[PDB]
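Input: one structure, supplied below.
Here the complex is missing a single protein chain, while all its other protein chains stay put.
Letters A and B mark the chains as written, and numbering starts fresh at 1 in each.
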Amino acid sequence: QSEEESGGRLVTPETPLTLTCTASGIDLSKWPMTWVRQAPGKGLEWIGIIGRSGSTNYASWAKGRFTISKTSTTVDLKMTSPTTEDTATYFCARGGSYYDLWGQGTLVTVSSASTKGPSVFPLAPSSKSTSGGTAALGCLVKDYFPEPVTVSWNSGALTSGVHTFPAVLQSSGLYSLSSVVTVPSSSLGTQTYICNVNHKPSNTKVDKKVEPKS
Amino acid sequence: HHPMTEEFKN
Partner (left out) sequence: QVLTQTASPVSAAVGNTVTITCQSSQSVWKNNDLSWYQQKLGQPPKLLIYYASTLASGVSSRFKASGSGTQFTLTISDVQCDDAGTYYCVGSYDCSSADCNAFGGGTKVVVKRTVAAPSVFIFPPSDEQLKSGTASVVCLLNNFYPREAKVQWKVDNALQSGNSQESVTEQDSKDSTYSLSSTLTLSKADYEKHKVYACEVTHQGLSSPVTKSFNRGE
């Protein structure tokens, strides 16, 4: 009883794009299925619906640019004349009146800019500065396009005290983000801190060890 | 066709 979207990627305007919602443990003939989107920092927006037997309906604002179809295991969303205003995370959801199951979303970027992988730089814990028995350290993930990047610490074992900030769009049109963690100052000598950065759109994967400066 | 409710509502 699960949904997983795929197919989100960078395309130039007017280039058609198909997203796929793969269902597990659901009989798609028994449920209306819905596509929804959310632009960064904005609200959810209904796109359309495919009914139990395959009939479709769409938002008035879509102007025929979206087509939903389904198989016994998937629901597709085809977007035909994308513009920059279609950049968003796209979700598939189970239901017609209301939505009880959701995918994690897939991110579509519509832009003429090129893919660029990030550089990863340390935010080195201060050799001589604390703000409460606590030190701070982190990683700066700079100059990438498109979104998203993911950051974990010590392969996901370190979660407490972690703040991964929202990406900022720079004047260059590239994204940057910082991920920081607060840790006991006493641990700086003995504990290893590695930030695991992944930018799948550029096949960039970096494991960067962050340590005090000499 | 099919009643709208059987198609689109749950």
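Keep in mind that, in the parts below, a residue touches a chain if its C-beta (ideal position, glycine included) is under 8 Å from a C-beta of that chain, and two chains touch if they have at least 3 such contacts.
Seen in the complete assembly, the chain not on display touches A, B.
The chain omitted from view is touched by exactly one of A:20, A:115 or A:119, namely A:119.
Summary of contacts with the chain left out: across A:91, A:144 or A:153, the touching residue is A:91.
The chain not shown here is touched by just one of A:131, A:186 or A:192, and that residue is A:131. By the touch definition given at the top, chain A reaches the unshown chain through residues 34, 36, 43-46, 48-49, 57, 59-60, 91, 93, 96-100, 102-105, 119, 121-124, 126, 129, 131-132, 134, 136, 138, 140, 142, 163-168, 170, 176-178, 180, 182.
For chain B, the residues in touch with the chain missing from this view are 4, 8-9.
Please note the rule applied: only the chains that are shown with their structure count from here on.
For this pair, chain A with chain B, the centres built from the Cα atoms lie 34 Å apart. Across the interface of their complex, chain B is touched by residues 31-32, 49, 51-53, 55, 57, 95-98 of chain A. Chain B contributes residues 1-2, 6-10 to its touches with chain A in the complex.
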